[PDB]
Structure formats: C-alpha cells, structure tokens
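Consider the single chain below, provided in structure tokens and representing the form deposited in one PDB entry.
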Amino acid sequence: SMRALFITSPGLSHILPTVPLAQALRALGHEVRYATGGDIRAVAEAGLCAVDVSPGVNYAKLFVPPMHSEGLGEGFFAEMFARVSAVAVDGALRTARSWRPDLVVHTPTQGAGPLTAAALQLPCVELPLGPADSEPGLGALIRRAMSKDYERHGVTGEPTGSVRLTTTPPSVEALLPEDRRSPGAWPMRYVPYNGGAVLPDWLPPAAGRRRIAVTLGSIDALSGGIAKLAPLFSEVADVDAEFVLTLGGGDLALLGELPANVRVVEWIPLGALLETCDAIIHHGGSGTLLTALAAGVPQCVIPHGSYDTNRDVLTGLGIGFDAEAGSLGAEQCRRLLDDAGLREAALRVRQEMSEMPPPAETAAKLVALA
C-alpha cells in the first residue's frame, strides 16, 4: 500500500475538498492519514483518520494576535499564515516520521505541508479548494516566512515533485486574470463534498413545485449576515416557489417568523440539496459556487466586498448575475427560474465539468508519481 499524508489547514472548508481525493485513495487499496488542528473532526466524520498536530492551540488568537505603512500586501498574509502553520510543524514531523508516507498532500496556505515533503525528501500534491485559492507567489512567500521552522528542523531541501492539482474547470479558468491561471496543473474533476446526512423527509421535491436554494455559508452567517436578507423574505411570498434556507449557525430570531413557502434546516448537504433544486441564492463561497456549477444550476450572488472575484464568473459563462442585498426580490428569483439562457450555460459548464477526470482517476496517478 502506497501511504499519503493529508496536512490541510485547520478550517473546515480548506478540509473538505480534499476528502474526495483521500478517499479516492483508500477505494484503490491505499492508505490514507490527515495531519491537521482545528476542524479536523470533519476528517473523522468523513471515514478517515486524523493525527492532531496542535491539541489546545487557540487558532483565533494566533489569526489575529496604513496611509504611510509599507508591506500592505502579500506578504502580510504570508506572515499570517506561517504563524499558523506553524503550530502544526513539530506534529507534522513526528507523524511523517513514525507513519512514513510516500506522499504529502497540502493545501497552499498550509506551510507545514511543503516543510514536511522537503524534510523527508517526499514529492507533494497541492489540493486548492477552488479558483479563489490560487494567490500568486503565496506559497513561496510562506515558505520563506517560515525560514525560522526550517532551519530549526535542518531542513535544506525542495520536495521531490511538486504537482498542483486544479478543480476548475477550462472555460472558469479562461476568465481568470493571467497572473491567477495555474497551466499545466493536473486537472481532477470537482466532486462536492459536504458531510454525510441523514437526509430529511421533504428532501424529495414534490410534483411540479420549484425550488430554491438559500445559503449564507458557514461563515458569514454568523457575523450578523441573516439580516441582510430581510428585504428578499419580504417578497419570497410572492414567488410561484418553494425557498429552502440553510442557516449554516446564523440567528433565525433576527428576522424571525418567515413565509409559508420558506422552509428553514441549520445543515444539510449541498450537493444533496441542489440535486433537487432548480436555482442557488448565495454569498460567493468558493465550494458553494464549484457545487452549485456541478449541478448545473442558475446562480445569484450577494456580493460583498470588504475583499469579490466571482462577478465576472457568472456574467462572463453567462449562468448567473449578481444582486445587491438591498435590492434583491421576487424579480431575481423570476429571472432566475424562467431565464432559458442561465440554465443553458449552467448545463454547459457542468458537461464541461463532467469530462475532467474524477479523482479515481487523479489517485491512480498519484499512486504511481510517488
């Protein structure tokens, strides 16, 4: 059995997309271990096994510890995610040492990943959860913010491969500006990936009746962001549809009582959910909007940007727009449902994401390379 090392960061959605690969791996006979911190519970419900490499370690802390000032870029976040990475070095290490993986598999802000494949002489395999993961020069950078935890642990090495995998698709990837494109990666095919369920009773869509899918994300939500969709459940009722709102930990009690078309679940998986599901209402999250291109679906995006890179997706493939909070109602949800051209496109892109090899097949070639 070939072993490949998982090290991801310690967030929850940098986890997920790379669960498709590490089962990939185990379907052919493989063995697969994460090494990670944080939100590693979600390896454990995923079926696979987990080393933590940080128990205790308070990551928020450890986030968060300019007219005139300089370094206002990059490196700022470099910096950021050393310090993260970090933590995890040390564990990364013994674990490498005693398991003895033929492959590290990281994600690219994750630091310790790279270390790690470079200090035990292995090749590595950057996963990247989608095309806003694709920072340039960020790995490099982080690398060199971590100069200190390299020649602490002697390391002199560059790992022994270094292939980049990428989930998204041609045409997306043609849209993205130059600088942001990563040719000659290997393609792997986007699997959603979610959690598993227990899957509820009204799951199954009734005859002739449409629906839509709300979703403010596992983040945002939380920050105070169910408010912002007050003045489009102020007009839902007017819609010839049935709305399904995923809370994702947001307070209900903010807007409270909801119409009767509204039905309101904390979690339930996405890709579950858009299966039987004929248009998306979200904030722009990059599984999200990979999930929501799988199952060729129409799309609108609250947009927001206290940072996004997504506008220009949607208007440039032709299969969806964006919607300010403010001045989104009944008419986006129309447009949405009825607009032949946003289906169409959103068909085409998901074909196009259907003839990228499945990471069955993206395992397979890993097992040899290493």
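Take the two forms, superpose them, and find the largest set of C-alpha atoms that agree within 1.5 Å; that set is the rigid core. Positions refer to the first chain, counted from 1. What changes on going to the form deposited in another entry:
- Per-residue Cα shift between these two forms after core alignment stays below 2 Å for all of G208, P204, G256, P177 except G256.
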Contents of the next structure:
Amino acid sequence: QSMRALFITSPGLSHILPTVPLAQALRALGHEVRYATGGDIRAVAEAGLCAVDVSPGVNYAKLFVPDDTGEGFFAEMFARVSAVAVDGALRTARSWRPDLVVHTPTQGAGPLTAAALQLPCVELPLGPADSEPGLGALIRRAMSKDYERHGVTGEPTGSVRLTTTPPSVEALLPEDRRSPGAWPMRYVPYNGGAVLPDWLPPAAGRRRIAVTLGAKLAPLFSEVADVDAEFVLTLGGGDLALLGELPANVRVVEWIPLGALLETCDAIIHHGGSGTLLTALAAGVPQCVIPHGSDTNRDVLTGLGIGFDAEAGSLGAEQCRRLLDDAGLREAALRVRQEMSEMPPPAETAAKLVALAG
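Rather than the form deposited in one PDB entry that you just supplied, could I have the structure of the form deposited in another entry?
There are no partners or other molecules in what follows, just the one chain.
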C-alpha cells in the first residue's frame, strides 16, 4: 500500500532545496521517495534522502553556456540542460516504478518521464520567480527530439501545480505570471542541516540584522557602525574570507542555515534570491534588497510594504534603522508570515498527492 514518488529536479541547488520538505513529508507518511538529478545532487544525500545521478561526470557549466567565452532562447537552453538527464530519469523510473513524478519547472526530463510512463506530474517551483506557465510548454516543444527518440507521444495523466507563494504576494504578480488552480503549500524553509554555533542564541535586548550576499566590500560596514544592532554577515559555503578591521557590532560567519539564523534576527539585508526572500517572509522580518541592473522579487517587497530597494553604494545607517524601527515594515511582514502559516503544510499536501496517485 506504499506509494512511490520520483523527484526529477534541475541540477541547481536552489531548485532542489525547496523540494526537500515535500520529499520528507512523503516519507513521514510512510511512502517512498527517490530523486533523479545531476549536479548539486549531494544536497539530496545531505537531506537524508536518496538520489540517482542521471548524468555522472557531466559539466553543467558548459551546457548553460557552451559557445566561446527571449522565451525561445532560454527554452532552448533548459532543453539542452534537461536533455542530458532524460536517459537516466527514464532508466531509474522504469526500474523503480514510481506512481508519481515530481518536477521543477525548468527540468524538462520530468514531464517527459511522466508522459512516458503515463504518470501524474506534480510541479514544484522554487517561488514566484519561475512561475511562468508557458515555460514548461515551450521546453517540451524544444525537447521534441528527445520525446520522439523515446517514443513518447502521450501526455501526463494529470498535471498538478504547487505554489508556496502566499495570496497577497500572488496578487502583486503580473497577470500571466500568476497561477490559479495551483495547490497551495506552505513554504517550509530548508537550507540544509547543521551543527549550530554557540553564538547563535541572541543576547538580551540586543537586536540583530542578518546580511547575506551569497572580493572587497567595506562601504556598507563602514556606515553600519552607527546603528544600534548586531550585524551577522554570512559567507555562503566553501567560501574563504580575509578579515581586516570590521566594526565591533559586525560579526562574520561562514555558513549557517538561514532559517535558523533568521529566527534570531529582527531584519535582513540580501541579494534578493527567492529562497532567501521566502525564508525571510516565513520569518516575518523586514527586508532590504541590494539589487543589480534594472526582477519580480524586488517588486513584491515594495508592493507588500515589507521592505525596499537599496543600491550597493546607497547602503547606509539610514536604511538599516528604517528596517529596525519602521513599524509599518514589521507589521506588514508579520501579516505575510501569518498568511503563510495558514497555508497547508507539506504533510497535508503530501497526503493529497497520495490520494491523487490512486
């Protein structure tokens, strides 16, 4: 009576991580889970899960950009990237016999595999960034050769879309970038496990601001000496760092699960990554994004009034105090948090999927 869920993800760490809670939910229900990916596959292993390398010793760097150095171009790209997974995905699917395929939006091997075995596919995006529906359709198109090679002429049984995006945030998305009929699922931050450091528990009545860029950068810390709060700057992983003199309130740390960190923080400064955004939203903590160029994530902050933009140069004490003191930001943040907590948790969503898969 145990159902089987095959997780076919993009090779990127950031596409894998937000699938983990659901994978763990299914195990917790007594079902079985297996991943079929490449690249950042260790992450699966390191999440107490099992995975098959669909593309052993393949250089993904080259696939995303091969030459010397709109929609149609990126599709073409994702198709190339997905293409190298198709064979393995099918292999493991055929032997392991899943009842259900779970995929990430850009990972074309997923729906392919689903269609081949006449299984339902469950689409799990990393957030509201990759919520473009025509995306999967276009990628399917571009992988025509692969579909044909394996003699996949059918469509998947049923196709469910999940979203971990709360309604208020959803409401502030462009019309074609939103996703009605999608099953809501609570965003449970997963950033990896860890042995937590001693300094983590916060000091008495001492505020804390998390900073995470994910190389020289002294102009921010310069200004931040004036602000009455602890600053925890996180490095990002296998990252080495040379410390000159930093203000006494600035603490530099290698890598720490964000969720764990943000539980102790009163605000966050970051690059604007989806995982970080949602984790911060979940934490109910005002946000400042340091952008670059001229994306959605940033526009959400403004829209919801949970935060703001700040140019890398334009990053001083003024912004930091706004984060800490502007009651408006805090309130709005806690409001989205509450809203997120009202979304069904992965356990609940898992149970629904089981029922879906017969």
